[PDB]
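Participant: These are the residues of each chain, in order.
Protein chains: 4
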Amino acid sequence: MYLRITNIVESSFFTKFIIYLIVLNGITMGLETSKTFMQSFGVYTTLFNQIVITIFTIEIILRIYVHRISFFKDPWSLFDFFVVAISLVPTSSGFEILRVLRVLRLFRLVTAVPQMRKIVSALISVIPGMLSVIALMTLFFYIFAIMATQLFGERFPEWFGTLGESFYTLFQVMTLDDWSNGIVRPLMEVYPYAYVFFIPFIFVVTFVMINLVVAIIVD
Amino acid sequence: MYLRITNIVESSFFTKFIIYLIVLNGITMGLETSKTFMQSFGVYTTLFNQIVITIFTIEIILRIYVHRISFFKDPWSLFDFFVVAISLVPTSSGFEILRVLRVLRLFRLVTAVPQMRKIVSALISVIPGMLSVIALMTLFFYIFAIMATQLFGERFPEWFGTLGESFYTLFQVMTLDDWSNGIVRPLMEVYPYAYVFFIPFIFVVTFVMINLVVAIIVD
Amino acid sequence: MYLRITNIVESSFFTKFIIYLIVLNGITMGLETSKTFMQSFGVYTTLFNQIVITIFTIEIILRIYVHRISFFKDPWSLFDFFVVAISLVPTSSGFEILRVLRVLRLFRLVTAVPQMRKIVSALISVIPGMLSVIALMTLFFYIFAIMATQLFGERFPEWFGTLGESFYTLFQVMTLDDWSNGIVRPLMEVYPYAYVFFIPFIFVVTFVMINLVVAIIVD
Amino acid sequence: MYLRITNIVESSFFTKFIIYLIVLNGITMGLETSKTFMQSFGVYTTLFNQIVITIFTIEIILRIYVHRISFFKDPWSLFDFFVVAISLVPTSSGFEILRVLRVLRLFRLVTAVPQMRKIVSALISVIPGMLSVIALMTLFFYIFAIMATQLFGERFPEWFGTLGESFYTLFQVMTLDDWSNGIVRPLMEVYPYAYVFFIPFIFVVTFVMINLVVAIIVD
Ligand SMILES: COCCOC(=O)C1=C(C)NC(C)=C(C(=O)OC(C)C)[C@H]1c1cccc([N+](=O)[O-])c1
Ligand SMILES: [Ca+2]
Ligand SMILES: [Ca+2]
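Residue numbers (this note's numbering), protein chains in the order written: chain A, 1 to 219; chain B, 1 to 219; chain C, 1 to 219; chain D, 1 to 219.
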């Protein structure tokens, strides 16, 4: 029984089938975007969705019987679990958002194709080295976001009225997004010396990123 | 017949004649852009076109006889075939997009010069190693265009009205084009939490891009 | 039992005491941004800031006693003195900019945690190898800013009327921020050839920046 | 007189002296940017400019005698020659673009200082390596520019009415500057399929750009 189940879930037919179902669901979720299609052929999909969600639900249960505690030492499987989880909460209730969170289950195609799994892992493996530059930068943002609120948040509350608001504008500036005509020239019309805050800020923020890239390559 | 024609195609005069013609057709094509020129000389160059494409048609036929089945195993020759045949489609009124695709024949400069082919081939060469990331990106992109159409498409039809639209808008944001004042600040006036979609989205698309380039460097 | 004090300053508890203070003071200045907070607890929060500022002043005196002249060849300590000093001038009749400057002491978190210290040390270390190119470029901007003031400052004073203005603007075009529809297309309405100035400038400035990054990594 | 003169121009006193004239003129030329200064100090420095041009002219004449055939095979001196020639153009002639071009002479500071020379020399050495790509890139822009004018020029003449405009605009899209909301989206109000030109256009130009840099690094 234990061996009989185990032999099913690991077969090359179970995985091709589920993957096939993933590929199919993802095609329907695209289709669900057309309100035309919804009108003429969407009660079909509402049930198709619940059919696919169960087969996947079974898959998760089976894999937990087979792998037992080692299922939950698999970051990919926890992900699989958690992704199917949020897809279990009802259409109604909570908030409209959980309904939209359901689309995250297409990320199972990543979980289930070894080629996707390898790219993702390789990418993740870049992260641990960065946790030093990241923390410093987050602090850097925090201090400046504070200076930006007090300086500019009274006359420019949309941009700087709040720490959070100061954080959003500074990120925007960081991505260098319409930073001059859109933010600093207006600021400079009240506060002519605002360029002393943002030009240095940009240097730092551009230096750190470049140097972040050097160290990635070398490491 | 065989050896006489075969002797003309491989000649240094042949390829030189063709190449020189490409440069001429290219100077000439810049001229068909000014309708000042077109009212005073257009008949001269509309047929200069016509005789160039005749020569190219002939040359293509000859190279096929000389190279037989090995012609269509040659990517550059394959290219010339398609790049010439297109320019053979009638200017006649039924479908006038094809008229503009004719300028692509200037890409034969690439085909016929060995220093450029090196570059192109070199460029394409980095692609097969990237295909996995292309897929991953597109799967990421696809999930998010879905999320965007259902989240923002109601109140902001232009930007998220349609899966295709959200794809478009999302492409812009990765490129970092007028993304904040131009898209999410408006989004945030109706939906204050849009930054929880687009700010992670920005970290991700950027993370992958950088790592892709590093992947390019190392590979 | 001569120095007596020296044994306390060098201890694990002293340092951990300052870091715990900064992070509290760092958390405090955040909450000082909430306008609601400054009503409910504004008086409470002023007492905490003043204690810490005293403690820190004490902490600086002790470190001077111990290190003597070796304190003032430590950039990190030099930074600590002037940053603590800043937060101490009277709010009275001065410049009210100094009230905002006192957030700079949150950069002491960097100064007192060697990991951050090493990051800041690593970053600075890319600067001396770069100083040459910084000098060429600064020389490049300075020369073109002059050119831009003379060429476009009559009819476009907001952007180029003054040398600093030509600098700020020129810097913006360099960051490529909103430069065609935002700067050059306007200019070009009065002065049709302005692309011969700005387009080359962009090539140059981007080429250098790109080769600068390249030259650092390879070497 | 020649051999006697040659002993003069190679001395360390000489180089630093002409360098000192550059830096002084470089300072004064900054000053010529101010309306105020020019009002109450203009003739002192209008005079001082003519002196320097003469000295540089004499300096150029001397070095010719010293170097003979070699002078006109020195890249740094050819620059030196012509940028002095510009300043030798008379204060008039109806093309005051040249009056502005005077400040091109401050670049002699680059030719006269070997570390500057070294950076410039280092930078240029990158270029012959890229001549294949620039030709390729310029060929690519040339082709798509043609397509633009015939595709979008009649309804959008400012942006695409003509080759240069298409060139300009295309150059603009390649710096990714306001490309979407500013150019492609408007186009789409009238030409719904414009994303098929510009999005491929962007991918390719980045690809070539990115890959170019990677080639430089490894080599
Ligand atoms: C004619 O009188 C004004 C001259 O002032 C300047 O040349 C500046 C120098 C000296 N230092 C910098 C760093 C500046 C500068 O412009 O730097 C930018 C690159 C950040 C400018 C400046 C000085 C005051 C105000 C502005 N402004 O509002 O554009 C610009
Ligand atoms: Ca912009
Ligand atoms: Ca932009």
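It is possible that part of the hints are untrue.
Which copy is meant is left open, so a pair is good if it fits within one copy or across any two.
To be verified - Below, in silico cross-link-like pairs of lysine to any residue (SDA-like), each with a Cα-Cα straight-line distance of 25 Å or less:
#1 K118 <-> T138
#2 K35 <-> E165
#3 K118 <-> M38
#4 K35 <-> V89
#5 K16 <-> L31
#6 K118 <-> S40
#7 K35 <-> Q115
#8 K35 <-> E10
#9 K118 <-> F37
#10 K16 <-> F201
#11 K35 <-> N49
#12 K16 <-> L98
#13 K35 <-> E96
#14 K118 <-> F41
#15 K35 <-> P128
#16 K35 <-> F107
#17 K35 <-> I64
#18 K35 <-> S132
#19 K16 <-> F167
#20 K16 <-> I64
#21 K35 <-> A215
Please keep in mind that the hints were generated in silico from the structure rather than gathered at the bench.
Participant: Each hint should be assessed against the structure and marked as holding or not.
Facilitator: Okay, the hints, checked on the actual structure:
no.	hint	result
1	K118 <-> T138	between (28 Å within a copy, 16 Å between copies)
2	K35 <-> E165	between (35 Å within a copy, 14 Å between copies)
3	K118 <-> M38	neither (36 Å within a copy, 50 Å between copies)
4	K35 <-> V89	within (23 Å within a copy, 39 Å between copies)
5	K16 <-> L31	within (22 Å within a copy, 53 Å between copies)
6	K118 <-> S40	neither (40 Å within a copy, 53 Å between copies)
7	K35 <-> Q115	neither (34 Å within a copy, 51 Å between copies)
8	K35 <-> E10	neither (39 Å within a copy, 59 Å between copies)
9	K118 <-> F37	neither (36 Å within a copy, 47 Å between copies)
10	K16 <-> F201	neither (50 Å within a copy, 29 Å between copies)
11	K35 <-> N49	within (16 Å within a copy, 48 Å between copies)
12	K16 <-> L98	neither (27 Å within a copy, 42 Å between copies)
13	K35 <-> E96	within (18 Å within a copy, 32 Å between copies)
14	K118 <-> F41	neither (37 Å within a copy, 51 Å between copies)
15	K35 <-> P128	neither (43 Å within a copy, 37 Å between copies)
16	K35 <-> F107	within (24 Å within a copy, 42 Å between copies)
17	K35 <-> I64	neither (38 Å within a copy, 51 Å between copies)
18	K35 <-> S132	neither (47 Å within a copy, 32 Å between copies)
19	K16 <-> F167	neither (44 Å within a copy, 28 Å between copies)
20	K16 <-> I64	within (19 Å within a copy, 44 Å between copies)
21	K35 <-> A215	neither (48 Å within a copy, 41 Å between copies)
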